[PDB]
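Using the sequences provided together with the hints, build the complete structure.
Protein chains: 2
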Amino acid sequence: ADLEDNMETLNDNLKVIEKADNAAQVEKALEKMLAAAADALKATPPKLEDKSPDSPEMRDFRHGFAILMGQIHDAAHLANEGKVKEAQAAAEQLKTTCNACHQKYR
Amino acid sequence: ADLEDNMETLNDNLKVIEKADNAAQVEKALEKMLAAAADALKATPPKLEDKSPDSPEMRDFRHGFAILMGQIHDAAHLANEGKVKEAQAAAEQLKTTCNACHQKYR
Ligand code: HEM
Ligand code: HEM
Ligand SMILES: [Ca+2]
Ligand SMILES: [Zn+2]
Ligand SMILES: [Zn+2]
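First to last, the sequence lines map onto chains A and B. If you count by the deposited numbering, then the first sequence holds residues 1 to 106, one letter each, in order. If you count by the deposited numbering, then the second sequence holds residues 1 to 106, one letter each, in order.
Bear in mind the hints are in silico, worked out from the structure with no lab data behind them. Any given hint could be a false lead.
Note that identical chains are pooled: a pair holds if it fits in a single copy or bridges any two copies.
[Said to hold, decoys possible] DMTMM-like cross-link-like pairs, simulated, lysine to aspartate or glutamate; straight-line CA separation at most 25 Å:
id: 1; residue 1: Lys42; residue 2: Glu4
id: 2; residue 1: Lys28; residue 2: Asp2
id: 3; residue 1: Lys42; residue 2: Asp2
id: 4; residue 1: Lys32; residue 2: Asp54
id: 5; residue 1: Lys47; residue 2: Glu4
id: 6; residue 1: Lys28; residue 2: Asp50
id: 7; residue 1: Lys42; residue 2: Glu8
id: 8; residue 1: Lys28; residue 2: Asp60
id: 9; residue 1: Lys42; residue 2: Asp60
id: 10; residue 1: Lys83; residue 2: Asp5
id: 11; residue 1: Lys51; residue 2: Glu18
id: 12; residue 1: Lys32; residue 2: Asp50
id: 13; residue 1: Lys19; residue 2: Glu57
Right under this line is the structure:
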């Protein structure tokens, strides 16, 4: 999928996690975020279209996804342990990573 | 790219790391591995073609890539520190993760 569609998936899944009824639901929503983040890594965002594929900016963009995937991954483990409230808090905390990339590159 | 082309990227770059002359080369080879592992995550491997997209097998498969990406990430930071031998050793440890997935799903 393209960057916009993956971003939509990330957004929608945050809301799913916020309203989730149990740990199993939070876990699979986080797994879907992890996939969307991985699939997004390959993208060239509009703001960087004229930069080299290997520019510092493009490499920084890709790093943001590495970080996001790690954080989603850790949160998924909290849900796997049945810690629903903790997983939900960790999902909310992800927004701070979302924000950092957007302020730079969106 | 498809699953096999990404596997080829993983394999070629591991060889590059083994023969690399400086940290920057190692770091860039690792970044390309991390991208290939991210793109492979979406795949359905032939051995699991008949299972549910949400079967324990397919989730275990995607989890293999989450683990691999985290290890690749950590190794990239070692190279970023200029620690070439350490990053080479870390890249070598990656092979245990390659092998675990292959033994199950290859
Ligand atoms: C889970 C955290 C995140 C959420 C919830 C999120 C959400 C969104 C949403 C809803 C959009 C609007 C685009 C659309 O779908 O129409 C967007 C755009 C965008 N996001 Fe994110 N995002 C997240 C993380 C990130 C990260 C980590 C990066 C970079 C590493 C990033 C880069 C971008 C860029 C470049 C756009 C503009 C895309 C375009 O204009 O085509 N986002 N994001
Ligand atoms: C550690 C790094 C890895 C390396 C160096 C590597 C290398 C390879 C190579 C050389 C092939 C032959 C494919 C081709 O024709 O190009 C292959 C196939 C395959 N690998 Fe990996 N691999 C790695 C990690 C993984 C992981 C982590 C998984 C699962 C989580 C995985 C799952 C598979 C599967 C299912 C195939 C067979 C695909 C098919 O037959 O279409 N690999 N790998
Ligand atoms: Ca609910
Ligand atoms: Zn894990
Ligand atoms: Zn990092």
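Handout entry: Identical-chain pair category, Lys28 with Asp2, by Cα at 25 Å
Key = So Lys28 and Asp2 pass the 25 Å test inside a copy (21 Å) and across (24 Å) alike.
Problem - Intra/inter-copy verdict for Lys32 and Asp50 if alpha-carbon distance must be at most 25 Å - result: Between copies, since 20 Å is at most 25 Å while 31 Å is not.
Handout entry: Within, between, both or neither, where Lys19 and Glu57 count as close if Cα-Cα is 25 Å or less
Key = So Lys19 and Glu57 fail the 25 Å test inside a copy (35 Å) and across (27 Å) alike.
Practice task
First find the shortest C-alpha distance between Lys51 and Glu18 inside one copy, then the shortest across copies, and answer within, between, both or neither for a cut-off of 25 Å.
Solution key: neither (37 Å within a copy, 30 Å between copies)
Exercise for the section: Using 25 Å as the alpha carbon limit, work out where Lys32 and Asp54 are close: within a copy, between copies, both or neither. Expected result: For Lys32 and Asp54, only the inter-copy Cα distance (11 Å) is at most 25 Å; the intra-copy one is 28 Å.
Practice task
Since the copies are identical, ignore which copy is meant and state whether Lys42 and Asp60 lie within 25 Å (CA to CA) inside a copy, between copies, both or neither.
Solution key: Both: 12 Å inside a copy, 23 Å across copies.
Problem - Identical-chain pair category, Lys47 with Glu4, by Cα at 25 Å - result: Within one copy only: 13 Å inside, 31 Å across.
Practice task
Classify it for me, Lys42 with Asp2: is the Cα-Cα distance of at most 25 Å met within a copy, between copies, both or neither?
Solution key: both (9 Å within a copy, 13 Å between copies)
Practice task
Have a look at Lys28 and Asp50 and pick one of within, between, both or neither, based on CA distance no larger than 25 Å.
Solution key: For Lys28 and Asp50, the Cα distance is within 25 Å only across copies (20 Å; inside one copy 37 Å).
Problem - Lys42 and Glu8: within-copy, between-copy, both or neither at 25 Å Cα - result: both (16 Å within a copy, 17 Å between copies)
Problem - Intra- versus inter-subunit Cα pairing at 25 Å for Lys28 with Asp60 - result: between (28 Å within a copy, 12 Å between copies)
Exercise for the section: Classify it for me, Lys83 with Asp5: is the Cα-Cα distance of at most 25 Å met within a copy, between copies, both or neither? Expected result: Cα proximity of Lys83 and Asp5: none, with 29 Å in one copy and 38 Å across.
Of the numbered hints given earlier, the model fails hints 10, 11 and 13; all others are met.
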